[PDB]
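As structure tokens, one chain now follows by itself in the form deposited in one PDB entry.
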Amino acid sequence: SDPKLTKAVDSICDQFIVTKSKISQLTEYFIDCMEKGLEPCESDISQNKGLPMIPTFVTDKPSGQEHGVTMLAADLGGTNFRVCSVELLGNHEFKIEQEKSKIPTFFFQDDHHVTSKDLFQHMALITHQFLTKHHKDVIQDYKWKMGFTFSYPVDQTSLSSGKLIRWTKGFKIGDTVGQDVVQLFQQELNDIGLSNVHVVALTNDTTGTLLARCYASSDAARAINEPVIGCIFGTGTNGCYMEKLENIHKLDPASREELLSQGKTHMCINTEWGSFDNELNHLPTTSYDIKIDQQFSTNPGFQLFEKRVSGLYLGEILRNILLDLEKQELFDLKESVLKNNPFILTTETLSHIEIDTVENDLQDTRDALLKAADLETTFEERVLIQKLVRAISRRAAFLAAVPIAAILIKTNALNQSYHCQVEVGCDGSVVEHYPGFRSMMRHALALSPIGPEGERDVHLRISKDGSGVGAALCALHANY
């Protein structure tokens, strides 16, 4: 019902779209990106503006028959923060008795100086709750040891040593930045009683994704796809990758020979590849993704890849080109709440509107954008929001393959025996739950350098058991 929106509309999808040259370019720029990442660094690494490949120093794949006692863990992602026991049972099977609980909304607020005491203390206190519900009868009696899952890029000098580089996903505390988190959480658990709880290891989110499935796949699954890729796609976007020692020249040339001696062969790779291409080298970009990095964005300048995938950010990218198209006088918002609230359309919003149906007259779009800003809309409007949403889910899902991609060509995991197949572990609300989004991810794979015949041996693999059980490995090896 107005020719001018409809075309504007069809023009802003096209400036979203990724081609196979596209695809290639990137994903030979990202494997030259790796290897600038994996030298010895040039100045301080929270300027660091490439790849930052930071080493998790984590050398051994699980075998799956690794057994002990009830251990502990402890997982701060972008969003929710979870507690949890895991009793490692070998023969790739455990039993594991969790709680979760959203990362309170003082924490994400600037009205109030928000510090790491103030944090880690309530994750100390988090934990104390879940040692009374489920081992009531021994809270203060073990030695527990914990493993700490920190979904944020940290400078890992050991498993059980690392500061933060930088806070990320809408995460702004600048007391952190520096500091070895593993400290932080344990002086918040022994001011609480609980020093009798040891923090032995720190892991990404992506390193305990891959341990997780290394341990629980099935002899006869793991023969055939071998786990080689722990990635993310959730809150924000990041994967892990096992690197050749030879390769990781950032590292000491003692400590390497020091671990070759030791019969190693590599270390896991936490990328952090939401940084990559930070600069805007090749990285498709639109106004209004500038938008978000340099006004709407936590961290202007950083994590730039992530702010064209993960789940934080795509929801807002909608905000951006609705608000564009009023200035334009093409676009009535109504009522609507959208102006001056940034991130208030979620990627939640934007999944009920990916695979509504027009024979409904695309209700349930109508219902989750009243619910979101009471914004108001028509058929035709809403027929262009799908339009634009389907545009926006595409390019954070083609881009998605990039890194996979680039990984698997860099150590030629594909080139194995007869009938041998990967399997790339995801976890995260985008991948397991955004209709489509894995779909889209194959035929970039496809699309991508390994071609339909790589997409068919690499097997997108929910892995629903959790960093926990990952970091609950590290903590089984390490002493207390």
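Between two forms, the rigid core is the largest collection of C-alphas that superpose within 1.5 Å. Positions refer to the first chain, counted from 1. What changes on going to the form deposited in another entry:
Core-based superposition between these two forms shows that, of 46, 416, 59, 429, only 46 has its Cα displaced by 2 Å or more.
Same protein, different state: after the form deposited in one PDB entry, show the form deposited in another entry.
Just this one chain is shown here; partners and other molecules are left out.
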């Protein structure tokens, strides 16, 4: 109906394309950043230019035959906080009781002064609520062991210790930076009578996701399919992998020898790849990415890879595209509430647009936009909104493949025995529930330097409740 608008949208969509040359470039560059990040660096190198590459101090992959009594797990994500009790029954089977709760909006508002006690006191109260609901008879009696999944960068110094490096994903609470999050959590657990709950392990949600797969993958699967990566595509994005103790040079040269003599070969590395190429030397970037990064984001100049991929930021990318189109007097935003409401459009809104069909006049897209920001749309307007949404997601799914391809290349995980496949454990609302996201990740992997023959040997498998199960596996190992 409006040709100038229809051509303006086509032009904005081309800005989101990721070519095979870009995939190859970013794959090779990612490995260079992995190698820079695997070396020791100062507390603050103005330009380290290497990935975080955080040693998680996990050296043993689960077998699936692990067995124990019910453990506890606490997972602080980017959106929800989960508590659960996991009983590992061996033979690749387990029992789980879990309660999930949203992180109250109070914690993401800078209008009020929020502190670390507010946060962990809330987490401890939920821990108590969970035990009162699922273990009412033995809440204050048992000596619970708890694995703590903290989905944020931690300067991990042991399996049970580590200081928060910097918040990400809308969290901003100053007095937590530099604090050992295990003690912070343990402190508020003691102050409500749950001193009998010992937080014996700290892990990232990437690490836990990987550990979960190693346990649940059937012996028949572990035979040919070995899980090699645990990654997340939800509110934020990140992934881990196993690195030879020799290549982890930033690890104490003494500790490496001590671990090696004990029969250990690798240690899990938390790449923290949401920070990948924070200097934007190569990452695809639009004017809307800069605006989100600099103005609306709580961590400007950080997590730039994340800000193009994870579900916390994609819906916001659409909102800025629409406002810019209204600024240019091309798209009528009517009485919508997009203006002056950052992040009002969530990725959950786009998921209803991604696969909406024109055979129903894109009625889901209409309802989703009215429900999310009281925005009315014509059919031609929804058609164009869908083109933008599908371009924003395709870029995210294509970028999502680069860190995976890069890791598989560096560790030569695909050059294995005959018929051997590798398994990539994925968790998060995006990879789990965004229509066609995994399908596009594979398309990118086939374009990556590993090629279609490589993509076929890679299996992106979902591990629901991954974060928590893995933490429990670490709790079973450590002592009370």
